[PDB]
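Starting off, we have a lone chain in the form solved without the DNA, written out as structure tokens.
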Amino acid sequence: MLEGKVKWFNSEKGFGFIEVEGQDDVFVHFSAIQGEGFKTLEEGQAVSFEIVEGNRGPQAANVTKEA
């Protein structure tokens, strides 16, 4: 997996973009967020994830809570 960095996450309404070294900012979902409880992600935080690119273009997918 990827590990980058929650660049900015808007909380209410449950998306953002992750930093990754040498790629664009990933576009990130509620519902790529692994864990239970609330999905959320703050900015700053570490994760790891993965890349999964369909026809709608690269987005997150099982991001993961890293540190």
Given for the second form:
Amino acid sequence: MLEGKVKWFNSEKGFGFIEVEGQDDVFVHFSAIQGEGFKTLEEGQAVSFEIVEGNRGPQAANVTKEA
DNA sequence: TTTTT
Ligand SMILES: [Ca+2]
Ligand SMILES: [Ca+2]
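So the form solved without the DNA is up there; where is the form deposited with the DNA bound?
Below: every chain and molecule of the assembly, starting with the one above.
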């Protein structure tokens, strides 16, 4: 898994960006977020994830909120 | 559902 931090998340529309030191930001949609219920992320949150080729370039997958 | 082509 890669380790990063949520750069941006649009709480309303369910997407954002994960920043990874020395790498390009990675796009995250709510559907990638693991866990039950409403799926969301706050800026600054540490996450673990992988990158997948979506329809339109790389996107985050299997995103988990870390301490 | 992009900072997507
Ligand atoms: Ca790792
Ligand atoms: Ca936000």
